[PDB]
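Number of protein chains: 4
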Amino acid sequence: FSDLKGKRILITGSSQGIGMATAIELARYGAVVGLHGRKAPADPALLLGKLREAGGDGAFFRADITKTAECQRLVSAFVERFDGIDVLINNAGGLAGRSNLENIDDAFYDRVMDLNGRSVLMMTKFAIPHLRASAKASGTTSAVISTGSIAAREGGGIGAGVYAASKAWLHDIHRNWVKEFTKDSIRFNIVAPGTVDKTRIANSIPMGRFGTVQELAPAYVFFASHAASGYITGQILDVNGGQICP
Amino acid sequence: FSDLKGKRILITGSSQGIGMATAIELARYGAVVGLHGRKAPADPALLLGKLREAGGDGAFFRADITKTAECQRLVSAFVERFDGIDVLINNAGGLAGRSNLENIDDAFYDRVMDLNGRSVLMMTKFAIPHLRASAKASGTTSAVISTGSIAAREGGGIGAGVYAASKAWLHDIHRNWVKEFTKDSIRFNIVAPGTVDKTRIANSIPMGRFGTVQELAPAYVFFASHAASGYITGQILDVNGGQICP
Amino acid sequence: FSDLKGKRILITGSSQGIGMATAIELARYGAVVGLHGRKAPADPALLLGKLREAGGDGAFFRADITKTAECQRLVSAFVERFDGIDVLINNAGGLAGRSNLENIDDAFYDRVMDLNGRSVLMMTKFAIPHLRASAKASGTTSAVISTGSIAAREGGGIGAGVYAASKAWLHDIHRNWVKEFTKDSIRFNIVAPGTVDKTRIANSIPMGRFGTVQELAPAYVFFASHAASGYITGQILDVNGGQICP
Amino acid sequence: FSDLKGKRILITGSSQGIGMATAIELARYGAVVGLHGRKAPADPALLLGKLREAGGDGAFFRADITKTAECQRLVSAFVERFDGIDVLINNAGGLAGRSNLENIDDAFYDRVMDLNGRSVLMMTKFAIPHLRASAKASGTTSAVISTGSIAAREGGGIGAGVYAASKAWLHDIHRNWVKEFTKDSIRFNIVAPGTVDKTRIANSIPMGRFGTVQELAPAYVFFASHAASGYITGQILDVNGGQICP
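Chains as they are written, first to last, in the deposited numbering: chain A, 2 to 198, 210 to 258; chain B, 2 to 198, 210 to 258; chain B', 2 to 198, 210 to 258; chain A', 2 to 198, 210 to 258. A prime marks a further copy of an entry chain.
FYI, nobody ran anything at the bench for these hints, they're computed from the structure. There's no promise every hint is true.
[As the list claims (entries may be wrong)] Each computed EDC-like pair below joins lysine to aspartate or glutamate, with the alpha-carbon atoms no more than 16 Å apart:
1. 40(A) x 65(A)
2. 68(A') x 106(B')
3. 68(B) x 4(B)
4. 68(B') x 111(A')
5. 184(B) x 103(A)
Please take these sequences and the hints and turn them into a complete structure.
Right under this line is the structure:
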């Protein structure tokens with residue numbers, strides 16, 4: 002992973018959780034990381050301090066990338082600030098609350114797919130020419146990595162149906178992007194967390221516990237590094253303590 | 002399949018292609034079929050004539066079910082006309098044209114996902130209480146069947162990314178619906194066509221040719237019938253001449 | 002399914018359970034069925050009486066098809082008796098008892114793999130030329146259908162590892178056979194039961221109960237019939253009450 | 002991966018190809034590696050010299066682990082020599098030549114499953130108590146990693162049917178082992194190479221070329237390291253240039 006030194010990595014929803022853990026872990030290899038927050042309260046100085054104290058650098062960016070404009074805003078700021086992108090990590094998403102099918106309306110359906118689908122489509126669309134440029138300059142590969150989900154495979158919980166589907170949406174659009182963009186030397190891969198932090213849900217996990225964010229980050233590092241994963245595209249790595257074994 | 006006589010079957014996008022072929026075949030068992038057309042020119046008298054000549058009955062409905070209103074209209078009409086519903090077949094959808102990722106805008110994205118995601122979510126949502134009632138009265142199961150795609154599994158063609166992803170979305174949301182609604186004795190299953198109606213796309217199909225709509229219809233009949241598929245839910249049957257073997 | 006009248010259908014492990022239920026249901030369409038028993042006690046006259054009373058015909062054969070010789074015997078008898086073969090149903094198999102990994106020896110390993118792998122490989126191998134001939138004369142397709150398992154996908158129960166793996170083996174070898182033999186107009190498809198006939213294993217099934225053999229039979233009929241499934245090959249239909257949703 | 006220093010890693014079929022590349026890559030982190038050869042000619046001094054010059058250590062062992070005895074022999078020698086196992090890498094296997102189904106006999110079927118199935122079952126069986134011991138001592142996890150195949154998923158090429166199936170056999174037995182042995186803190190994961198080193213087969217690979225062995229090794233390192241993959245079990249990582257995107 003020494004190839005990560007100086008690599009410019011924009012990570013959505015990275016102000017907390019899996020995104021922040023990944024940011025820090027990438028920072029240990031000397032990456033330059035664009036941290037980003039939607040609405041969750043946050044402390045940019047603290048967060049960028051951990052990156053720097055870890056051996057890296059970066060900046061903080063704010064955007065409600067449920068909207069397309071917000072998504073081109075984010076990508077723009079990153080690019081002004083660091084003059085390009087080597088790795089895009091689509092990590093922003095989440096439940097947007099739970100509804101049974103019969104209480105789902107347009108608002109809800111749209112909130113979920115904006116947060117999970119549109120965001121990723123547009124975040125990735127705008128990056129592409131910069132991702133292309135950087136692979137062309139390095140003569141290696143640049144990378145996209147998105148956060149998928151166990152729920153992509155087995156339907157998710159009751160009330161999370163549209164969220165679950167949006168992750169399947171993501172798992173499959175990556176496959177499409179492998180066809181369009183492999184000739185641009187851009188890779189696409191997914192990390193699919195299971196349960197990450210009830211005692212019933214644990215029973216269903218062979219390892220008997222929820223994951224920590226620290227346990228999720230290395231898979232992203234792996235997919236981020238051309239040295240490690242240069243012949244790997246179109247894949248999903250499920251990180252779940254055995255909870256599902258596809 | 003004698004259990005199909007008199008069953009009330011709403012089929013979206015059934016004015017032609019797969020959906021019409023299915024309608025006819027169900028009509029051979031004496032089903033009562035709601036036929037539906039969105040944009041395409043059609044001849045209701047001709048189409049309903051085939052159903053009746055096949056041994057069934059039905060009616061024809063018009064709706065641009067890319068909109069939720071349109072979707073609640075359709076269901077309502079069907080239910081007025083036949084006083085309920087034993088089977089819903091979500092067959093409406095399609096490419097909505099092709100775009101490379103970089104030319105995808107909010108319009109295109111939303112045109113694909115409305116035709117493929119929203120339609121099916123809302124069509125299915127409004128049906129549920131009636132599906133529930135019908136299973137409650139029969140003491141067996143009612144059914145949902147949707148048209149999936151080979152593209153749901155392997156990414157689709159170049160420019161078809163959003164459409165392909167929307168089919169994965171559907172394949173996975175069904176798994177959610179099994180969790181919410183199996184308690185209501187409603188089943189959910191998919192038929193996933195491959196190539197249906210170039211001469212290099214044939215090379216990829218072990219059977220060496222595209223499918224015909226007649227070859228797709230029986231799989232729907234199968235999923236429609238409690239006698240045949242009463243212990244089957246949460247499944248996909250791929251009908252593709254060997255093109256993909258999951 | 003009227004296309005099944007007179008079709009000659011060899012079904013392994015058909016003296017009871019799923020295979021016998023299938024035999025009867027095929028017999029309802031006027032199939033001619035070769036029934037087969039390995040070890041279990043059985044009553045040929047009773048069993049063949051059911052086929053005939055259902056509207057079909059058949060004969061009964063005895064073979065311990067864990068051995069290749071036994072497998073060539075069975076096929077030969079069937080072919081003498083009915084002068085050929087339109088459908089082979091590989092249904093013989095099963096646990097052969099349970100062992101934790103550490104107690105597995107060459108005997109146990111070989112008893113499981115002979116019952117589940119070798120049987121199916123050789124049963125199917127010896128059938129091929131006749132299956133080929135029958136498709137050649139009909140100008141349609143002949144068929145192989147094998148009994149898979151939920152355990153093929155998710156590992157099986159503790160002590161059942163080798164059995165579970167042998168079903169994955171079968172699921173995948175079918176995909177190979179599609180490549181070799183689609184040119185011969187032979188189709189290959191699987192039915193994968195879940196739990197079929210504790211009260212916590214029910215909790216894992218959305219439909220809340222085990223399947224019955226009657227509920228498994230129709231899926232075989234479906235795959236047996238060129239009229240129904242002529243463009244379908246390389247597939248698995250899982251029949252499990254929602255227990256797994258691939 | 003600094004956690005790999007001093008870790009004792011027995012790698013079957015490691016005298017050449019993927020196994021040797023992995024051995025060397027693990028040696029860069031200071032692992033102690035048991036190299037092993039079946040029958041392929043080899044140069045132990047040269048091979049162990051690369052490990053040592055890479056920063057590691059190890060030994061060389063010879064065994065025709067197509068036989069169970071040979072498999073307990075191998076495990077024994079490793080264990081005498083290094084006093085236990087932290088990671089078992091089941092990499093031995095391969096085509097054993099090609100046969101069409103109709104020319105497959107017992108010899109062939111058995112040669113293939115001995116090489117690909119029995120070897121792995123027994124290699125792993127004998128390691129378990131030592132794998133268990135070492136996780137218990139470290140209070141982390143010990144690991145098994147096997148070499149799977151793209152052919153496990155899509156049937157393999159004509160003539161390689163039994164080989165392809167044996168890899169599916171392996172992919173699924175791992176799932177079983179996750180159920181039996183997670184409570185022993187032993188992980189199980191797979192690396193599934195695609196094509197690794210005709211110009212037709214390249215056309216089917218998005219990256220347009222075969223993999224090199226150097227490109228396969230990092231995935232094994234990743235699965236070998238508790239630090240990197242401690243919450244990861246029951247998984248397959250496909251390393252194939254996009255050739256299949258499960």
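Right, here's what the structure says about each hint:
1. 40(A) x 65(A): It holds: about 7 Å lies between the C-alpha atoms, which stays within 16 Å.
2. 68(A') x 106(B'): 12 Å, holds
3. 68(B) x 4(B): 34 Å, violated
4. 68(B') x 111(A'): 13 Å, holds
5. 184(B) x 103(A): 15 Å, holds
Going down the numbered hints, you'll see the structure goes against just number 3.
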